[PDB]
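In the block that follows, a single chain appears as structure tokens, in the form solved without the ligand.
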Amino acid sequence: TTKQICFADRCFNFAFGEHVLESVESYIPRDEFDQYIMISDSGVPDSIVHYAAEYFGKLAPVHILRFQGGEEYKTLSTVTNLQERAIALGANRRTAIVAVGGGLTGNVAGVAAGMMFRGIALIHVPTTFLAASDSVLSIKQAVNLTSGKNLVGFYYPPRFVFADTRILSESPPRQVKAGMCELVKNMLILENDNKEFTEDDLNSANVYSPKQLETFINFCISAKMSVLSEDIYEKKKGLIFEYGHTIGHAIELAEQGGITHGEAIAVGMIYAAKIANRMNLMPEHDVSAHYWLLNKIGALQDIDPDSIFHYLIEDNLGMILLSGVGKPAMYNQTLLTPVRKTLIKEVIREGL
């Protein structure tokens, strides 16, 4: 399948299906770029990197640049190093950066492509379900600073995106689950009575066929772009995709790598549902709907309050809340509702 993705006036074609790379020659004219710099962090399977290089090499010369994976290396220093090497290889304004890997690779290659000559073509080849169904449907780019995660970056759109569903269907279950957590998030914050799948199609083992993931990806494209096509910087209505992230982010940090971003956001939504309830916004029934749906994908399986609350850090803190399933709660014509710090800490204390 191929969908046109537009962020304001900047669009790109997103192809996703089995062996999509075996057809890059049908989406990209051979005269478009004169070279491809393939960037992939070490945590990415070589077989995939070499597989992708073989097909892009049919359009023009390909040069593979690998770098040390890990959140500790996602820095401007790594970007600079990749840029220096890209230039030594003869990179120019006709060269295209091909990011093959997950979210970490996407961000590093994204910042690199956005700064070279003040901006060259970025091509995403997502190897994880989270990157293919969520991060690739966002033009935010960023790397870390010694003092914080993703504190430096900017907005930069890609020119092409290719997601191989065969590769995705063979990625580990837990990694697939992290993306499914964000999909359930889309189901909770948006109203949609016309999906190509039901909750009966969700499984806790998180093992799907190529076609089943294709359907999931198609659903996320429709969900996010129905909003982000206009709110390109995700500062208005786009803030809705931040559901579960306020406390989720803090929990993710507190666990120090023990849980995925998806699992953290899942617990974050539940805590957000309870909070909305304690504040007279959301009926208890909708709270249960959060547990029910998340258990269907086994989000709460592989899962200190003071620690969590510390990372989180006036008596109030803004949160994206819902009055009910598919119904975001507004405040001053904004999606940010001020919430009592003492209430947030109490809910975190009660737990799941």
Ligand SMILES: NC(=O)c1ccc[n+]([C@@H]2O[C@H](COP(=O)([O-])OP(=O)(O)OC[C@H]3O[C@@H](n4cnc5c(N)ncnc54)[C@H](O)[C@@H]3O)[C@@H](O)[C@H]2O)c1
Second form
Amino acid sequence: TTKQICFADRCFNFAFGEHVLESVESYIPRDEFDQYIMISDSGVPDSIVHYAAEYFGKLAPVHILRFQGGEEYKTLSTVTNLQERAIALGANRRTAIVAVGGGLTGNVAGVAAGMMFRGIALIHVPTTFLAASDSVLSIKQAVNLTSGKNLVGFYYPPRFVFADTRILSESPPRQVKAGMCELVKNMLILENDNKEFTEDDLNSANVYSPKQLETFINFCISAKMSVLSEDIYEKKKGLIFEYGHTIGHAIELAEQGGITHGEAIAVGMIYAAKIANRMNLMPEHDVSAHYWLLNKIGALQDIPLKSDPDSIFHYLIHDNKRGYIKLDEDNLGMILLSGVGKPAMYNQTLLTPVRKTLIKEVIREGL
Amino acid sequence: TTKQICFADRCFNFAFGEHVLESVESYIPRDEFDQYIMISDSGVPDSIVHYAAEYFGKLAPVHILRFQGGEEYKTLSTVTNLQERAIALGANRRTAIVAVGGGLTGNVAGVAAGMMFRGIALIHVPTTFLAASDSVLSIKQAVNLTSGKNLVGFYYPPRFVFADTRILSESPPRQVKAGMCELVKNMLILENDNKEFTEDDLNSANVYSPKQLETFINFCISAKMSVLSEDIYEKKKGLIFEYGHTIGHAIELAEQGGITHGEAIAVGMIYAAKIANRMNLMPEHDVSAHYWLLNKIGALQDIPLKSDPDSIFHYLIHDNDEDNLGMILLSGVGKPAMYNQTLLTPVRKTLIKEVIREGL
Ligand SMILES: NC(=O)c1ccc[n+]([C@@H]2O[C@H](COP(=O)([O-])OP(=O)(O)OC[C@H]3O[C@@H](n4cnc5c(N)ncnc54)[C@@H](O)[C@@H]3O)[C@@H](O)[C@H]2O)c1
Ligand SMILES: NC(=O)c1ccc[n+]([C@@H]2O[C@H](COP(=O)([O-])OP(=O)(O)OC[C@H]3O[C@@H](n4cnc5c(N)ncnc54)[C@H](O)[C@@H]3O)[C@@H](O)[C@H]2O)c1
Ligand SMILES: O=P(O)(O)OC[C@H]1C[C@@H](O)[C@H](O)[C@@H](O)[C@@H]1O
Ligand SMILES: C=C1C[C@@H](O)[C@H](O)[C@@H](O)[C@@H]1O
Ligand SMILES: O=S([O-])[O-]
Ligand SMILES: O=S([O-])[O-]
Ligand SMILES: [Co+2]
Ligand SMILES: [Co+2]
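Can I have the other form now, the form deposited with the ligand bound, not the form solved without the ligand?
The next block holds the full complex; its first chain is the one shown before.
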């Protein structure tokens, strides 16, 4: 399957299916690019990297560039070293950067590619379900400073995306689960019949076929791009993709790598639902709909939540990776819903002011 | 004097005149920014930096960040250090970065600003005539890699530009000359029968009044923006502003700091003219016209072609088919030579080499 993705007038083909890469030659013009610089963080399996390199190798010479994985090395310094090594390989304006990995590699490679010669071709090969169904459906690129996550970056589209659903289907279930959390976020925030699966197709093991993941990817493409095609910077209606993220991101920091992003977000959406209900915005049945879908993917079942309430609050009021978290002394802005499919508006924005009372309460009581 | 500059849909006011910073409260609202991080490389006279801090302070807290100047330190690593320090000072989405310096400070602060929170306000206070009349009239931002110049960057527009013509009138004459070379380049590449100055107004000592510099800046705004307003990435008709730069960049490298960028460009334009002549595009008179105008500004005076042709040609072939290199050429003054729907004309490497050998 091939979908045409467009962020305003910046379009790319997102091909996804089994052995898409062995069909790369059908998607990229024979002499589009004179060289492939393949970029992959050190945690990506070598078998995926070497496999991708052999197929890109049918079009033009490929070089493989690894770098040290982990959020500690997701920095402009890692980017510079990759750009230097690329130039030392003879990279030029006709080179494409092929990012082979999850979202960490996507971001690092996207910052590299968006700056080299003021911007060269970026091709995504997402190897995690979260990268394939969420993070490559965003043109934000960012890396970390010592004082914060994703503090430096910009907006930069790819030229191509290839998601191999056989690779995704063999990925770790805890990682599939993480991207399934964001998929269930998409189900709760936006009205849909434009999905070719039901809640019956969700399972709590997070083990899916290549074809089921293909169908999930298609739904995420439709869902996200229905909003981001027009809101490319994710500053308006695109705030909706931050449902569950306000508290979720703080919990994610507090747990210091103990929980996945998707798990933190799943918990963050449960909190948002309870808050919207405690504010009279959302009926109880809609809150129960959050628990019902999240349990279907086994989201809340695991979840080694080890941090204290005060540490979660600390991370929340000291956070800068989104603008306008703390409105005034008493209130944080949150993306809340009046119901499944129904974002709550406040003053022509998706940020509803929420009293710190309710936030501390839901955090302390947990699940 | 204020001109609205528009890169497509991204506009800013460019204010320029004497003691222009004294009137800052007339351009930027009070509410607008919570804070000003004023960045300047170590080579910028401290008096200018403190002077600018003083007037921005009338609006909001200003913190000054200095960084080691020079092309060797114009890197992403300097940018990161500047960003981290700005974060340590409480920089946020409502902070403006104020770049006080020449094109080097502009580019370093430009990249810094373009990346923080994925883009905060950039404010230029250009203190060299080159920056005021050329580099601030481009949304190109870039820094260096080990392997070469300006290899990493992006396009990012500023929110305001303030050029104090008094400061510029007192900058070193060799620095003024460098920006006058790009002005001459504008004269040579665009047709304009309605300039507010003539060739008689150009001098070789490169000493001008504040008002004369304001007139040159205005000329440069009209000239570049007549093309760049539409061609924002400088990839189409905006390639014209690279006239003299193909051999220029390489001369500038070969000389190792010994000549300015305008001087290198000046020489690169003469070689481009000779080239277009040997290729039957340019009459001999237009070639002399290049020499004539550049000698008006003393462009060829402090020039040491301390270099052999071979050093120049090597940097040229290492600069990012096999017998040709593309050049912007002209058929005559004000007359860009088109080739196959583009401003890039293939030129034989062996021809380039022989013109360089022959010299001025
Ligand atoms: N990347 C681009 O598209 C682009 C375009 C134009 C310029 N630039 C960069 O700018 C540099 C050249 O620009 P420039 O001529 O403005 O010089 P510059 O910024 O390199 O300045 C040269 C020297 O002037 C000092 N200086 C600044 N203001 C002064 C003043 N008022 N009086 C005395 N000294 C002063 C220093 O900062 C410095 O030691 C190059 O590195 C060039 O790449 C880049
Ligand atoms: N661009 C955006 O809008 C955007 C969106 C969401 C997330 N992100 C970024 O993505 C990162 C998280 O992304 P992620 O969840 O994809 O994980 P990740 O990139 O952090 O990868 C997680 C781990 O899985 C490895 N890995 C990758 N593919 C694998 C596979 N098939 N099998 C086994 N291991 C594999 C990695 O090397 C790694 O150690 C963060 O840096 C985040 O901010 C960016
Ligand atoms: O950083 P680059 O791509 O080398 O571009 C710089 C040029 C950009 C252009 O707008 C200006 O007219 C030129 O003098 C200037 O040298
Ligand atoms: C920050 C983002 C960008 C947005 O596009 C995604 O849905 C989110 O899940 C992701 O965390
Ligand atoms: O976490 S959210 O729903 O603002
Ligand atoms: O130097 S230019 O004329 O390509
Ligand atoms: Co998320
Ligand atoms: Co120039």
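In this text, rigid core is short for the largest set of C-alphas that superpose within 1.5 Å between two forms. Residue numbers count along the first chain shown, from 1.
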Q.
Given the rigid core as reference frame, how large is the C-alpha shift of residue 347 between the two forms? Answer in angstrom.
A. 1.3
Q: Report, in Å with one decimal, the C-alpha displacement of residue 211 between the two forms after core superposition.
A: 0.3
Q. By how many angstrom is the Cα of residue 194 displaced between the two forms when the rigid core is overlaid?
A. 4.0
